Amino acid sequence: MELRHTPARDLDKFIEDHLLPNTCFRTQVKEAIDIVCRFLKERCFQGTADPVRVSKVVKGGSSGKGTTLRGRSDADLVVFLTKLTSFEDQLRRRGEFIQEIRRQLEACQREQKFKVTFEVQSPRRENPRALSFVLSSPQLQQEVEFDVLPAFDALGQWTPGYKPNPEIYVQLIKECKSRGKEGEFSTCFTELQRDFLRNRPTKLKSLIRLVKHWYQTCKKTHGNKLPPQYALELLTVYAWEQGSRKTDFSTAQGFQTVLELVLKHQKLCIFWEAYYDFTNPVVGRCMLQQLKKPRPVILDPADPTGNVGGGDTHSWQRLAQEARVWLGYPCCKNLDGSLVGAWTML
């Protein structure tokens, strides 16, 4: 149903129905990306003086956009380029890469056959330049629009289980410190962001998708004022990693634990040592710089410089106000009419 009234007794039955993505549509999209990824690497540039080439194409974060309930989703597709001198190059040469990618993307639409409907958008308005392509399957009425975000390849060839070279983060921090603008290069580390949320248990990933939709429902109210969606995703992971650590758990317990953290934002300092740590002196100091920043501070596991949900303390206040309202909703309330309760952090 609406889910404002969806009780806490079941919860999952709502996630399994409305929230769960189409299995058939995903498979079609994943294949379409593989066609494009394999297309861009070969086609882009080539027969060209400049050694810069497309190394890989990775899908980034995605958020279901409410229309009926879930009718559509917006995702980010990061195109990695090589032979760039610095991280800043992806910002300056962005317009140069936007044209080369768009040129072959249109050519890919003509030459390559797809199962879904490949849609290359017209030049985008209300934005400085912008680009995107839409993948839709009218049979299932599923639609997704990918925003192409060109980025330098920092990791090069990287596989899960391997901690990235600390030297890479050193170059990132030194360049982010001098030129300013902390956390703009997070797109290069997208592989680590996906790998962070991919290996999570099924019940947790379903919980995250529940939190994802909660964010979108409030996003059509307060607008862009609220913090980035990535903050809520990492916060859900933190709620599970602390005190629970169970394969099977209650969604009502977790959803309650996440909402109470939104109100605790001023008390929240969170960071992950997954892809980096204090072994390197340069990385260590920069990591301590972020921890002493005004709360809430959620440190991007893939981006030691990048602070998710930071820079605005009134963003979380607007979020905490609506988080307080949803606490009064039956969503968190069980059969008794009382609260299900949060997770013990012991």
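Residue numbers count along the first chain shown, from 1. For the two forms, the rigid core is made up of the largest set of C-alpha atoms that agree within 1.5 Å on superposition. Compared with the form deposited with the RNA bound:
- When both forms sit on the same rigid core, the CA shifts between the two forms reach 2 angstroms or more only at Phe118 out of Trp240, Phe255, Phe118, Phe87.
- The Cα shift for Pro138 between the two forms, taken after rigid core superposition, is 2 angstroms or larger.
- Relative to the superposed rigid core, the position of the CA of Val297 differs between the two forms by less than 2 Å.
- For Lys203, a C-alpha deviation below 2 angstroms is recorded between the two forms after rigid-core alignment.
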Second form
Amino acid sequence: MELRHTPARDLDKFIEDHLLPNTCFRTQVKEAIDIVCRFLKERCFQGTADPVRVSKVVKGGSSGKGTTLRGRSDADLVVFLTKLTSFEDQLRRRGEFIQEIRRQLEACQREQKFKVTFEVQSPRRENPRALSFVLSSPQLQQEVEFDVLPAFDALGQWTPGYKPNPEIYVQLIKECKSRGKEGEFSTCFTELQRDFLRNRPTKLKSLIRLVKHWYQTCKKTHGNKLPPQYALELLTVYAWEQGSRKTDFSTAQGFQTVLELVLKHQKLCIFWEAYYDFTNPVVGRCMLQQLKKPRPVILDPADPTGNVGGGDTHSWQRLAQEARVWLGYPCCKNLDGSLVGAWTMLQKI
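Same protein, different state: after the form deposited without the RNA, show the form deposited with the RNA bound.
There are no partners or other molecules in what follows, just the one chain.
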């Protein structure tokens, strides 16, 4: 049945039956990703006399994190290009490389290698960050949607578990402040975003799937007037880190905890020191400034300039109205009708 009719003790069964990827979906998506990556490395940029080269194509998003929803999660690919040499360079020339990727895709389509359908683009967006399309192929048993983002390799060859050289963030901050573009270059650090989730406990990822499904259900009512989905993913990590830190926990208690955190968005000030910290005075000052913003502040662990909170209080107002409604559903209720109870939050300093 639907999530809103599902009692607390059946949440994990709901996640299993509807949210966890099945073998065909994830294998088909991987096959499509291989198709696109091979295209990006072996065909797409071979047209130019001055070799533009792909240093890496990173599978980011839920696909790289292992937090996908069965049959509903896209493939988010950040394609790093050697010719993009700075954040400035990325901001101004990403449109060029986007159009060229589009051109070569359409070229391959004519050759009947595969079929591509490009997104609505209702707003001009001014300067898009992604090339969004649906991929069809004779080898594929299903369509797969893609977000392809050209980017400057700010991190270089990155070691998992290594803190980035703070000078990289110093440069990021300079460029953002210069152009008034905070949060603009998160794509450069998608590896850090992925790394922040990739090795988390299996059940934490299942809870994230649940919250993401809840979020998408709310999207039915409130359209696109909600806070970023990524904000809810980070809020769930926060809930677990302050309230559980265990591999085995109650899914229902975690879910209620997140719903209650949404209600307290006016008091949320969340950040991490996973990839940066207050040691560097420039980075520390940037972090401090973000932490002084109107609530909620949910700072991207990968990007000290990115408040994933979004800065739109109306968006959190609407989400909280849904959180209030859902706290009355069977989801967080025991068999006797009582709430399972949220986690006791430990104060993080």
